[PDB]
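Participant: One-letter residues, chain by chain:
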Amino acid sequence: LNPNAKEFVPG
Amino acid sequence: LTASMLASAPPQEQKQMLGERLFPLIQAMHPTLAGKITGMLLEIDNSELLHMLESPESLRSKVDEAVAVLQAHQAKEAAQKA
Numbered sequence: 111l112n113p114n115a116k117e118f119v120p121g
Numbered sequence: 545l546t547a548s549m550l551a552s553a554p555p556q557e558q559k560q561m562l563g564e565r566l567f568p569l570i571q572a573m574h575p576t577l578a579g580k581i582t583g584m585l586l587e588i589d590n591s592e593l594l595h596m597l598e599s600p601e602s603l604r605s606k607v608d609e610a611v612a613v614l615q616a617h618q619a620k621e622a623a624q625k626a
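These protein sequence lines map, in sequence, to chains C and A.
Every letter in the first sequence is one number past the one before it in PDB author numbering, and letter 9, counting from 1, is 119.
Every letter in the second sequence is one number past the one before it in PDB author numbering, and letter 52, counting from 1, is 596.
By construction, these hints were calculated from the structure, which means they are not laboratory data.
Ideal placement from N, C-alpha and C gives every residue a C-beta, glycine not left out.
It is possible that some hints are incorrect.
Stated by the list, open to error - Residues on chain A that point at chain C, a partial pick, calculated with CB under 8 Å:
| id | residue |
| --- | --- |
| 1 | 564 |
| 2 | 582 |
| 3 | 613 |
| 4 | 614 |
Stated by the list, open to error - The calculated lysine to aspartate or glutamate pairs, modelled on EDC-like cross-linking and capped at a C-alpha distance of 16 Å, are:
| id | chain 1 | residue 1 | chain 2 | residue 2 |
| --- | --- | --- | --- | --- |
| 5 | C | 116 | A | 601 |
| 6 | A | 559 | C | 117 |
| 7 | C | 116 | A | 564 |
| 8 | C | 116 | A | 598 |
As the list claims (entries may be wrong) - Example chain A residues on the side facing chain C (calculated, C-beta under 7 Å, incomplete):
| id | residue |
| --- | --- |
| 9 | 563 |
| 10 | 567 |
| 11 | 576 |
| 12 | 579 |
| 13 | 580 |
| 14 | 583 |
| 15 | 584 |
| 16 | 587 |
| 17 | 610 |
When you get a sec, could you build the whole thing from the sequences and use the hints?
Facilitator: What follows is the structure, encoded as structure tokens:
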């Protein structure tokens with residue numbers, strides 16, 4: 111698991 | 545969300561589609577970390593993500609791992625800079 115993953119934005 | 549629904553979308557959009565279904569659940573578990581934890585999980589294989597959407601215990605296990613990893617990362621970075 112990558113704690114630098116892109117933030118998910120609900121759209 | 546079905547495999548057929550996912551199969552209909554290009555790969556980056558498949559991730560959005562999965563994220564829209566995972567997010568309310570992950571947000572319920574960890575409101576303050578919701579977007580980051582969802583993003584972390586979205587890196588996983590789609591088949592596993594579909595499984596997690598149908599298996600609350602599997603999702604909880606994975607979210608618990610992500611939260612531990614995220615918090616340890618942030619705390620380590622803070623400690624190194626403090």
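Participant: Given a cut of 8 Å on the nearest C-beta pair, is the interface hint for residue 564 of chain A held or broken against chain C?
Facilitator: holds (6 Å)
Participant: Per the CB criterion, is residue 610 of chain A less than 7 Å away from chain C?
Facilitator: holds (5 Å)
Participant: Run the distance test for residue 116 of chain C versus residue 601 of chain A: straight-line Cα separation, threshold 16 Å.
Facilitator: violated (24 Å)
Participant: Per the CB criterion, is residue 563 of chain A less than 7 Å away from chain C?
Facilitator: holds (5 Å)
Participant: Holds or violated: are the alpha carbons of residue 116 of chain C and residue 598 of chain A at most 16 Å from each other?
Facilitator: violated (24 Å)
Participant: Identify whether the interface hint at residue 576 of chain A stands, where standing means a beta carbon of chain C within less than 7 Å of its own.
Facilitator: The hint is violated - residue 576 of chain A has no Cβ within 7 Å of chain C, the shortest such distance being about 13 Å.
Participant: Can you verify the interface hint for residue 567 of chain A: is its Cβ closer than 7 Å to any Cβ in chain C?
Facilitator: Holds - the Cβ of residue 567 of chain A comes within 7 Å of chain C, reaching about 5 Å at its closest.
Participant: Taking the least C-beta to C-beta distance, is residue 579 of chain A closer than 7 Å to chain C?
Facilitator: Constraint on residue 579 of chain A satisfied, holds at 4 Å.
Participant: Are the Cα positions of residue 116 of chain C and residue 564 of chain A separated by 16 Å at most?
Facilitator: holds (15 Å)
Participant: Does the CB of residue 614 of chain A sit less than 8 Å away from some CB of chain C?
Facilitator: Hint on residue 614 of chain A: holds, closest Cβ of chain C at ~5 Å, below 8 Å.
Participant: Have a go at the residue 582 of chain A hint: is there a Cβ in chain C nearer than 8 Å to its own Cβ?
Facilitator: Constraint on residue 582 of chain A satisfied, holds at 4 Å.
Participant: Could you check if residue 613 of chain A really has its C-beta closer than 8 Å to a C-beta on chain C?
Facilitator: holds (5 Å)
In the structure shown, a violation is registered for the earlier hints numbered 5, 8, 11, in ascending order.
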